[PDB]
Each structure stands twice: as structure tokens, then as C-alpha cells.
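Student: Assemble the complex: chain U is given as a structure, and chain C with the ligands must be docked to it using the hints.
Take a look at the letters that make up each chain.
2 protein chains.
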Amino acid sequence: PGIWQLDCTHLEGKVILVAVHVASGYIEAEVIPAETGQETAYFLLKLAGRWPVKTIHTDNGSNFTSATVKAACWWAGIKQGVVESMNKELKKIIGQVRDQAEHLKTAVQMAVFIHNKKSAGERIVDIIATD
Amino acid sequence: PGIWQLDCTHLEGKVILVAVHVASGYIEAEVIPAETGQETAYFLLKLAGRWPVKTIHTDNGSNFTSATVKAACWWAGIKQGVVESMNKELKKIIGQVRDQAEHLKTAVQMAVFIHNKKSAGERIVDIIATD
Ligand SMILES: Cc1c(-c2c([C@H](OC(C)(C)C)C(=O)O)n(C)c(=O)c3ccccc23)cc(F)c2c1CCCO2
Ligand SMILES: Cc1c(-c2c([C@H](OC(C)(C)C)C(=O)O)n(C)c(=O)c3ccccc23)cc(F)c2c1CCCO2
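Taken in sequence, the protein lines are chains U and C.
In case it helps, UniProt numbering puts the first sequence at residues 1217 to 1296, 1308 to 1345, 1354 to 1366.
In case it helps, UniProt numbering puts the second sequence at residues 1217 to 1296, 1308 to 1345, 1354 to 1366.
Just chain U, same shape as in the assembly:
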């Protein structure tokens, strides 16, 4: 309901931060300059401002040890194979549309759109609203 999994993946020497709403498979993603606490914190603030984020999961717990990330979670009131499949599907879609944009970040957002419409977007709206 309020559980999100956040992980970073690397592509073309850039870092893609991927958040998956576990119950629906819905994704939000950003291309970030480096895999740093400051970027993770800022991403969390944005995420928490639009969805009711209760709990964050990750495949790399050390991701969430910086004072900056701890601050974001404190302020927003957050605590610590669906996700694997959603990440798999996203990487595949990026591959499929990559040639249609100059910038990786553009391909990433095209892939997020395709994924969420193919839905995960309808399902998250349903879960948060009925809950």
C-alpha cells in the first residue's frame, strides 16, 4: 500500500534511480549524476510529496545510511519477485526505445510511460484511493 522499493541501476555510465510501488508495479525513475545520498534524499522528498510513502525497501541497505537520507525519511515520516520483474521490464523497454532519443534520460522517461500505461498506473490510483 505504502511500500516502495528503490534501487539504482547503471547504463551508459549513468545512474538510474528506480522506485517501484510494490503492490501495483508502478514506476517512477530519474537519471541522477552520481549514486549519492544527496540525490537519494532529494528523490525521496519528491516521491513522498506525491504518494503516501510509508516504507522503503532496497537491495542495497548501505544506500540509506547518509545523514541526508536519514533526514528525508525523518521529515517525511518514512521507515525501512515483483520488483525484479518490473526492473527487468523497464531495462528491456529502454533498450527498445533507446534509438528514438539522443539522451538516455529521455529514453528512460519514455520507458516509464510505456511501462505504467501497459495498467500499473490505473492500479496504484485504485489502491491508494480505496485505502
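Honestly, the hints are just simulated from the structure, not real lab data.
Just so you know, nobody snuck in bad clues.
Computed footprint of chain U on chain C; a stretch qualifies when at least three of its residues, placed anywhere within it, have a C-beta under 8 Å from a C-beta of chain U:
1. 1254-1263
2. 1333-1341
3. 1358-1365
The calculated DSS-like cross-link candidates involving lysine-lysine, where the alpha carbons are at most 27 Å apart (straight line), are:
4. C:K1344 / U:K1286
5. C:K1315 / C:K1344
6. C:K1344 / U:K1344
7. C:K1344 / U:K1270
8. C:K1332 / U:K1230
From the three backbone atoms N, C-alpha and C, an ideal C-beta is built for every residue, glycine too.
Tutor: Just chain C with the ligands now, kept in the frame of chain U:
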């Protein structure tokens, strides 16, 4: 239902792109480096990937003339005093929390969170889900 108003506002020599979902008052915002078509286009791709965006309104139509923006609207299938009040409320909240962060962008996302929880976030979930 699918109508969003996008406008830029300037604060501390930076540019804040503010999108308001007209029916609910819900806001998404980003601090962007410059008031350019490339930034607007990228913002639209992200917005359209998470919400069902049908129509975009603005107080400055010239904002949406670049080939980049036209491309975003084409690809995502988008066409061209609530908004004034929501923008007013956002600027006020940024003012109120500004001293709590180093970076303006951080204050902006704190203000978006406060605004959406004070709700606009619950109402958009309701409108998109029942529609
Ligand atoms: C100050 C701060 C920080 C914080 C920052 C802020 O910048 C980020 C880009 C990391 C979000 C800021 O603008 O102040 N910075 C820059 C820090 O250096 C920092 C150090 C320790 C603890 C928090 C922060 C991080 C947060 F997630 C946060 C807050 C305030 C409440 C909302 O959540
Ligand atoms: C190529 C492109 C462009 C586009 C780009 C892209 O970069 C942005 C940062 C502007 C999103 C890109 O990565 O290719 N660029 C860089 C252009 O120079 C451009 C020029 C004319 C028309 C579209 C674009 C803009 C779009 F909104 C877009 C697309 C493809 C379909 C999805 O929507």
C-alpha cells in the same frame, strides 16, 4: 480530469516549473536550470508517464512553441482562480520553510509535500480512479 496548468516562476535567480492539476489543486514542481523548451519537454514526459495528461494550459503560450515541446506533446498524446490560488499557496509555503534547507530545490519539494497533504493528494487519486 486530465487538465494540467504549467507555468514557471522565478525565485532566487532560479526557475521553478509548477504543474497544477486543475480539478484537485495537486502540484508537481521542479527547479530547472533555465526556462527552456528542452526542460519543459522533459518535465512533460515525466508528468505524462505518471498521470493521464490530456490537456495542458499555461499563462504564457510561447512556452510551448519549441520543436522539443511539440515532440513531447505529440508522443504522449497531449493537446493544448484555482491555479492562481494554488501557486499563491505554494510560494507562501516555500517562504515559510525556506530557512530549513540550504538549497531552494529542497524547500520547493518540502512545500509541494506540505501543499499536497494539506487533501489535494487524496482528491486527485479519487478523480483519476473514479474516472
Ligand atoms: C536540510 C535537509 C537535507 C539536507 C540537505 C538538503 O539538500 C539535499 C539536496 C540533500 C536534499 C538541503 O538543501 O539543505 N543538505 C544539502 C545537507 O547537506 C544535509 C546534511 C545533513 C542532513 C540533511 C541535509 C536533506 C533532507 F532530505 C531534508 C532536509 C530538511 C527537511 C526535509 O528533508
Ligand atoms: C527525441 C525527443 C525530444 C528531443 C530531444 C530529447 O531531449 C529532451 C531533453 C529535449 C527531452 C532527446 O533526448 O532526444 N532533443 C535533445 C532534441 O534536440 C529534440 C529536437 C527536436 C525535437 C525533439 C527533440 C523531445 C521529446 F519530448 C520526445 C522525444 C522522442 C519521443 C518522446 O518525446
